[PDB]
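Generate coordinates for the entire structure from the input sequences, incorporating the hints supplied.
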Amino acid sequence: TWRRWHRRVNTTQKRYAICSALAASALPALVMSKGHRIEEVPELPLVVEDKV
Amino acid sequence: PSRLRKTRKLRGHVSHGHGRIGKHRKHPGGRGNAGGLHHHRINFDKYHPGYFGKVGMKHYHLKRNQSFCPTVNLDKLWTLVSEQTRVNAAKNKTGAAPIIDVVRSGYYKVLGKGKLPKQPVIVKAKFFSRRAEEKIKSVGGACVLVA
Amino acid sequence: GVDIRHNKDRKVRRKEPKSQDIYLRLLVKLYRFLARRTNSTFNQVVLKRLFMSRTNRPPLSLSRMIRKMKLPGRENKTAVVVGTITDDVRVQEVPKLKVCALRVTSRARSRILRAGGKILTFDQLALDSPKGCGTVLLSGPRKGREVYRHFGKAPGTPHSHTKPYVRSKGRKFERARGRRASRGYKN
Amino acid sequence: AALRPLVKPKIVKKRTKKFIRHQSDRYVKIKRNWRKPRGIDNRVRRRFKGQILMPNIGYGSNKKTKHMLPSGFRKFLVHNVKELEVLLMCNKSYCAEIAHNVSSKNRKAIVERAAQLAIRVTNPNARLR
Amino acid sequence: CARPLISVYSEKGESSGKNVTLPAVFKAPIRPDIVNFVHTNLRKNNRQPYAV
Amino acid sequence: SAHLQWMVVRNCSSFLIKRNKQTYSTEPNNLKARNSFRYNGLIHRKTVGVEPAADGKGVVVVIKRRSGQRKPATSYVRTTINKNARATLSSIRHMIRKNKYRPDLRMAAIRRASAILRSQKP
Amino acid sequence: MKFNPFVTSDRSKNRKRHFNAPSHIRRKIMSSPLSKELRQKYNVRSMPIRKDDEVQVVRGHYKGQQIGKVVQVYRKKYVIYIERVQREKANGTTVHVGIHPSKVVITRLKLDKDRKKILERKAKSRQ
Amino acid sequence: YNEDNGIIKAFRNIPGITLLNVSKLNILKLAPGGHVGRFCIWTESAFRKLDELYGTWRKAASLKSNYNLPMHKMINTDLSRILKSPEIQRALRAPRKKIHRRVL
RNA sequence: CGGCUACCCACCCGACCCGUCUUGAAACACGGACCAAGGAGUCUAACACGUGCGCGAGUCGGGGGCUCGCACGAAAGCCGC
RNA sequence: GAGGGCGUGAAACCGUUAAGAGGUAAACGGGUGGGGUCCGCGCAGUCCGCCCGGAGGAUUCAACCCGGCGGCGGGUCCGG
Ligand SMILES: [Mg+2]
Ligand SMILES: [Mg+2]
Ligand SMILES: [Mg+2]
Ligand SMILES: [Mg+2]
Ligand SMILES: [Mg+2]
Ligand SMILES: [Mg+2]
Ligand SMILES: [Mg+2]
Ligand SMILES: [Mg+2]
Ligand SMILES: [Mg+2]
Ligand SMILES: [Mg+2]
Ligand SMILES: [Mg+2]
Ligand SMILES: [Mg+2]
Ligand SMILES: [Mg+2]
Ligand SMILES: [Mg+2]
Ligand SMILES: [Mg+2]
Ligand SMILES: [Mg+2]
Ligand SMILES: [Mg+2]
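Protein chains in written order, with our numbering: chain G, 1 to 52; chain H, 1 to 147; chain L, 1 to 187; chain X, 1 to 129; chain D, 1 to 52; chain C, 1 to 122; chain S, 1 to 127; chain U, 1 to 104.
Sample of chain C residues lacking proximity to chain D, with all beta carbon distances greater than 10 Å (derived): (1) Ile-17; (2) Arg-78; (3) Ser-90; (4) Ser-91; (5) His-94; (6) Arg-102.
Selected chain D positions facing chain U (in silico; Cβ < 10 Å): (7) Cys-1; (8) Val-20; (9) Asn-36; (10) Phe-37; (11) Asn-46.
Hint data in this document are derived by calculation from the structure and do not stem from the laboratory.
Note that CB positions come from ideal geometry on N, CA and C, so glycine has one too.
Below you can see the structure in the form of structure tokens.
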């Protein structure tokens with residue numbers, strides 16, 4: 001039971017991965033190549049009103 | 001990663017990376033530091049000289065707590081306080097000098113290096129090297145002992 | 001066979017960079033194109049240093065990168081570094097020099113922009129100098145690594161000055177037999 | 001005489017035996033798959049004459065005639081209509097091959113779409129009614 | 001690196017007149033291998049050990 | 001950012017059938033099925049593709065607008081051409097040659113249009 | 001989605017409780033839906049089935065338009081037996097076919113004061 | 001989003017959807033399987049709080065303590081534009097496209 | 001009509017039964033009647049070297065604390081007097 | 001072809017049928033030959049795609065302009 005299960009990551013690398021993922025979520029070719037249907041979808045990252 | 005481990009690649013070879021003649025069984029030499037003086041002296045000596053014997057006095061109940069003195073160099077002596085402070089304090093105003101108190105920064109003894117510019121400062125500390133004391137006297141600063 | 005000589009088939013070299021950095025691969029593509037299409041040995045050496053590893057690209061320091069420009073003949077040239085240029089806590093005055101490096105640290109970028117210098121990346125370095133004219137290509141202290149101070153012909157036999165491995169640098173750790181002439185021998 | 005692909009030369013394989021394992025005839029616990037023997041007394045490893053031959057790099061087929069069916073195509077496995085329509089650009093060198101788990105009800109639609117797009121399929125007339 | 005303006009969509013899909021400037025997180029660099037590394041280590045963090 | 005998007009998409013996408021053979025794209029806007037850089041219709045700012053028409057007869061041509069990216073509702077303009085195969089082959093030749101829009105993949109668009117007009121009429 | 005930390009999504013535990021449930025739980029297990037006119041008239045979705053309920057079989061070998069009465073309820077086998085649904089053995093002796101009560105549309109209930117109280121609780125809780 | 005006011009109740013049982021917060025961004029939710037570029041739907045306060053929570057290259061993050069955005073390795077990184085720029089093609093040898101095959 | 005091929009047979013030449021201990025094994029050296037399943041370089045700590053990433057004269061929260069009670073949440077996010 | 005240790009049912013081993021062979025124990029590698037099962041094909045009758053000149057019928061654009069929306073391109077960067 002004392003296998004080295006959990007792995008600590010640097011917080012700068014954690015925030016770097018968050019910034020990289022959020023930046024890659026903006027390009028349409030990347031998300032279409034991940035496979036989401038963005039044919040009839042309007043402008044990239046969608047900003048809805050605060051009534052939502 | 002066992003898929004990147006060497007063991008999965010060596011499946012098929014008979015002796016498994018340890019020879020047919022030598023036969024690595026359990027412990028052919030000993031365990032740990034076995035034979036430090038008898039039969040492994042060419043590895044204990046010639047790679048760790050000084051390993052065997054006594055060397056000096058035996059300070060009973062020694063703490064790493066009375067000899068606490070983190071040393072600061074004259075290169076580090078400026079950047080304990082911000083550069084805005086030294087610029088706006090020695091930008092041709094008067095003969096005043098800013099005080100760099102190393103005890104608040106967490107350092108006790110001021111040692112001597114190079115790179116101490118013309119602008120004089122007053123250093124408060126608990127201990128000084130006479131090199132740094134001469135450098136402060138040469139640039140025109142002062143030397144204050146605190147406790 | 002035929003060749004009576006020994007077979008050393010692959011020499012030493014690292015052609016493809018082992019790093020999976022996409023930006024480094026794009027710079028590898030660009031400077032490989034320039035190195036094979038410009039006849040610029042500057043681009044040859046910069047392409048080899050981009051192939052070079054993480055450890056063998058040591059971090060340049062700001063005082064060294066000043067002093068290698070302070071020599072006569074380096075007035076308006078740009079200091080090009082394949083590697084990182086870091087802050088130095090020592091110096092106080094920074095000239096108006098031009099920097100072309102990869103991953104300059106935050107305090108170094110801040111002090112160069114306060115002093116008035118111009119930092120670049122390798123894409124703008126290629127757009128400004130294809131053949132690499134007006135550049136001084138610098139490197140850092142490779143031998144200053146702590147790992148290289150354990151390396152020698154021996155740790156102690158002609159006293160060797162080469163730092164044997166031990167836990168705590170002090171008394172009672174490797175100081176008796178072979179370190180002094182009163183206890184056995186002396187190296 | 002169905003679709004007749006491009007100019008494909010005389011396809012040779014340099015041997016066509018899919019080399020047997022040593023002493024697979026003597027014991028039936030040994031499957032016919034090749035496995036390099038690493039013994040210290042073995043005639044196969046020592047390469048005595050009259051023994052079996054070990055597969056080495058010299059039996060490599062030509063890159064022009066590599067993975068070539070005798071019809072002249074190269075096979076590509078297909079499950080459905082989209083993976084059949086991806087062969088629309090290179091249909092005269094890369095033939096289709098319907099997967100085994102595809103039922104007859106969709107298999108007839110796949111072979112009809114292959115007949116429309118003029119894509120060679122290796123097994124058109126299998127699992128019919 | 002330039003920051004455009006993105007239209008804010010209403011709940012009906014119509015483009016409102018509100019335009020919020022694109023933040024620089026979407027202009028941050030994209031390192032998918034660093035994302036894969038940090039994602040692998042957090043997946044190792046995300047588990048009960050297993051049977052012994 | 002086209003080379004960044006290529007260095008990300010060229011592996012680990014929801015495409016790239018690497019099934020014991022050559023690599024294919026399947027790429028819902030494409031001209032040649034090879035997953036290459038020149039023949040790629042999702043990454044570039046200027047992309048050309050041809051598709052069969054939904055009415056059974058004719059070929060639809062999908063070209064990227066280039067007036068605005070990050071807006072895929074209007075990023076692709078489509079046209080429907082139903083002519084007697086030589087008029088539409090000449091029409092796509094005029095549309096690709098006489099504009100600056102992608103002088104590459106002329107032959108890709110032309111061969112895919114010619115193959116689909118062969119496969120469509122009987 | 002399951003949010004209580006005291007109830008299982010566990011397959012082994014659910015099948016264990018299901019196949020070893022006591023009889024007062026097995027009555028709730030063997031509950032049957034109602035016809036559309038009777039659920040419109042009573043405002044209740046489903047009821048546990050009893051000895052004398054009228055049954056229209058909706059699925060299986062027998063489907064629809066066979067409104068018969070149940071006779072036995074094996075709660076050990078989770079099986080009701082219906083009077084109309086028959087099957088002959090080899091020796092010409094008839095025997096009832098096993099029908100699970102979830103594939104059963106009740107057309108008429110059995111009236112009782114206890115079932116009126118149950119129906120009132122169903123209507124009040126459906127609200 | 002931010003300021004949870006029933007949006008988890010609205011988006012709780014839609015199949016395939018993901019409940020995710022601005023102040024608590026998850027790598028396991030933003031890039032499942034280690035593959036970047038997941039389709040995300042923001043809000044006004046979310047899309048305005050992103051700049052407050054990370055910053056630009058001019059200012060730091062005002063919500064986090066000591067975070068800045070990382071320095072980009074290539075400023076203008078269109079490789080085709082760079083290789084077709086006149087400054088690069090001014091300083092090239094010649095396009096040498098002869099083959100010079102084996103002579104029997 | 002054509003067909004290499006895990007079908008069978010014949011013919012010419014070559015061809016001792018594998019594994020290991022050994023300088024040397026086909027050995028009058030040892031184990032193996034046959035077949036199916038299981039079966040042997042793992043894990044922890046420490047060190048050294050190389051590689052890859054982040055920050056870089058600094059670096060690291062692994063120890064706790066903060067968020068509303070959420071399946072994945074035993075995750076993740078934040079602390080900076 | 002699920003019949004009460006009854007899903008699927010391999011190998012070692014055995015029975016029968018079909019085929020072939022039999023003095024150098026059997027088995028193997030290289031090379032062919034013969035036989036048999038099976039596969040693809042029509043077996044003196046099997047090739048396609050383009051252009052042009054002939055032979056017969058049927059259609060409407062294209063050539064040039066007017067009408068129109070949608071896109072590429074750049075000048076005054078008019079006008080924001
Ligand atoms: Mg070996
Ligand atoms: Mg040994
Ligand atoms: Mg040779
Ligand atoms: Mg030998
Ligand atoms: Mg032997
Ligand atoms: Mg369990
Ligand atoms: Mg030996
Ligand atoms: Mg001996
Ligand atoms: Mg023996
Ligand atoms: Mg024996
Ligand atoms: Mg086994
Ligand atoms: Mg290292
Ligand atoms: Mg059975
Ligand atoms: Mg069965
Ligand atoms: Mg079953
Ligand atoms: Mg059998
Ligand atoms: Mg016989």
